[PDB]
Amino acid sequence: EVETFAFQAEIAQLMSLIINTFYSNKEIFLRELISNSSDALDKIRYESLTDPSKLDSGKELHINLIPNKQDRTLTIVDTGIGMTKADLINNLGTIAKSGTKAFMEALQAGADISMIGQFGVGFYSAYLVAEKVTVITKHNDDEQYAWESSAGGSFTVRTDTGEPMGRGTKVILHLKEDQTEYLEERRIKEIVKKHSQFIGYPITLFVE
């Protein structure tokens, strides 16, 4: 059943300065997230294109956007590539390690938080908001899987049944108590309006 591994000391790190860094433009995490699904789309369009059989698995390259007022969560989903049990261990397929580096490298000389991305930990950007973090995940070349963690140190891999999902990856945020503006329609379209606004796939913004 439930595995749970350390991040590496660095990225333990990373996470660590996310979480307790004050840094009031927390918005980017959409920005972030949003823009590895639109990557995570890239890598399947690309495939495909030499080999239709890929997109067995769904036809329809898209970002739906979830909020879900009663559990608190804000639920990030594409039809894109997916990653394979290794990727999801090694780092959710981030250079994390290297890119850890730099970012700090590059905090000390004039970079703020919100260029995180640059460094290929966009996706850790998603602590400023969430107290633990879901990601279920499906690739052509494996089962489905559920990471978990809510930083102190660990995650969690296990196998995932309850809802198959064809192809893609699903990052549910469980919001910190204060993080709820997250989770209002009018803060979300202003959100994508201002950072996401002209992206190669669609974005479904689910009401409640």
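Positions refer to the first chain, counted from 1. For the two forms, the rigid core is made up of the largest set of C-alpha atoms that agree within 1.5 Å on superposition. Compared with the form deposited in another entry:
When the two forms are overlaid on the rigid core, CA displacement between these two forms of 2 Å or more is confined, within 84, 94, 114, 75, to 94.
After superposing the rigid core, the Cα of residue 195 is displaced by 2 Å or more between these two forms.
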Second form
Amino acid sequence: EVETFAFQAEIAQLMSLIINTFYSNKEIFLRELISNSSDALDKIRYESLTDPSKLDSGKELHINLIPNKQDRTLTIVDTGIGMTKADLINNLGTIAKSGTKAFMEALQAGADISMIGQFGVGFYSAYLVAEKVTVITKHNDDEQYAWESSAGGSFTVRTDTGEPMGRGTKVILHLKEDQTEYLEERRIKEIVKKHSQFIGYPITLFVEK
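Output block for the form deposited in another entry, input the form deposited in one PDB entry:
Nothing else is written out below except the one chain.
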């Protein structure tokens, strides 16, 4: 069963700003999502130092980048801590409130959209390139869930029926028709090169056959 929720007013406002502002430096989305994946990997690695059984769901700690030209999707997979149902519906939105409000105030004061990460709301930059975002996630303490939004003020959460992922998060970006450059190997490599040194986990780019 699928449940539909409204985004918090400030998040809905930020999403409409990101979608409707003319902004050509769209490549920032990839650095933001990789940074988030790295933070989720730090979380599970840290927890595993006091409880090694936290890695029973998978010991490999990495990030995979999977472009798919046929489906027009860019998938970012990590084996981080994952997210609970409470994270998806409430708690991430609550933690984001101050940063979202502060980021929109900064933008009105002439700040650049590339500053989004400095406000802890980097995820929403995915809407610069994606018409729809699907997030499949699995936390040790909960079931596997699918979160999805095409913006427009709402998102859905459902228990995922698909392939079990063990632990971690898969972000599926359904790219806008004019944003297919982010499916090119050379383009992905170029973007990641301005970021991989700060990432303490292997980033593997899957080459299409």
